[PDB]
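The form deposited in one PDB entry is given below as one chain in structure tokens.
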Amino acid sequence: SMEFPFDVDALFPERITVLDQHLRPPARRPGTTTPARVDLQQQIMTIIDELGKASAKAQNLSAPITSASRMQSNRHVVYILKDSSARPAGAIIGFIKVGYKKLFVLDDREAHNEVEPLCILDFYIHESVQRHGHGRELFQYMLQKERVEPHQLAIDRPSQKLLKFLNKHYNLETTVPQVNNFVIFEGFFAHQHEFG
């Protein structure tokens, strides 16, 4: 999939790496690798920049919606999928980016609600390996770490591929019409209904 000069496996030991505005390299014990020629955080910044550009090309966007500089100035969390057993040994498969956002969301009565749901903001799997289950790997990992259910999410400008994905995997089919270009599904307001 996506190839980089520096040692990705040394940088990201785990299959899925979780980063936020700090862009902090995963933990490592002193001595377990020689200090790289490129600082670890610079490697991370380059990876985020390139992933965001690739996602923008996939989505036919004139500018990336994910980048190192945007990560540093926002409250977003990115989950990055890498294959530790890739061949030939070196690569990054893709990522999902989420964040809580304050939104004014319409309910099924067309009334406005001030809410702060977890939002799906950017999501990309390299073209060569789309439709192989990697998107679901990332999505599931994120749901588990964030402790949220699919119907509780808002989606920023979902693509056709993502709408199909959400219906297939999570039975998210029926939307509640919005004016803010986010999409929500039936069940979005269930928690508000129960708890207030």
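In this text, the rigid core denotes the largest set of C-alpha atoms whose superposition between the two forms falls within 1.5 Å. Positions refer to the first chain, counted from 1. First, how it differs from the form deposited in another entry.
- For the residue set 58, 65, 36, 45, core-aligned C-alpha shifts between the two forms reach 2 angstroms or more at a single site, 36.
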Contents of the next structure:
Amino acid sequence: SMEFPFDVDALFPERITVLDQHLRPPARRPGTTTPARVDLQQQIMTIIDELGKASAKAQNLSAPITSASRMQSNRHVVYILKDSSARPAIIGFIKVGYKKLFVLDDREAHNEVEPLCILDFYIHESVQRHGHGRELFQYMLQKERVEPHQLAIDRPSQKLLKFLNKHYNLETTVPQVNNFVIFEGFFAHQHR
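Please give the corresponding structure for the form deposited in another entry, as opposed to the form deposited in one PDB entry shown earlier.
A lone chain is what you will see next.
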């Protein structure tokens, strides 16, 4: 299980914490002496760096695709799952963002579009296949106000393909040259 040299429960009061390019420390309930926000932001940056590294090891990548730096220079949104009732905290994350994609269609019509993309997604190995990925995915869909078949996925893994099929009945449609994956229903003339 993952761990940091600072109080993650204080930093992240909610079970799922949303962060964007501002990397803004969550507000806390009044009363406690809160560290300086600059220092809280460095804690968040270290968490994102380490989560990105862990995801890269899980995915057999030579370099992370998620980092604090890349958060600050992009318009990515990360959702970080803690357990507040852990004994004796951070479980994983999902990172999304809108991307311009020059997408190939199936009747062969081809074009541009900017869907919300699933960019990185990781649940710690020890608690994979327990339902944490689904909780995190569900929360992200609700906040982004997106439906599953509207997504594009950047280079999904085998585990993720199975996940998407199980939870959302997502079936792949036309392969795409750009290595993003889209599903039946992505195009308006498709069903589901």
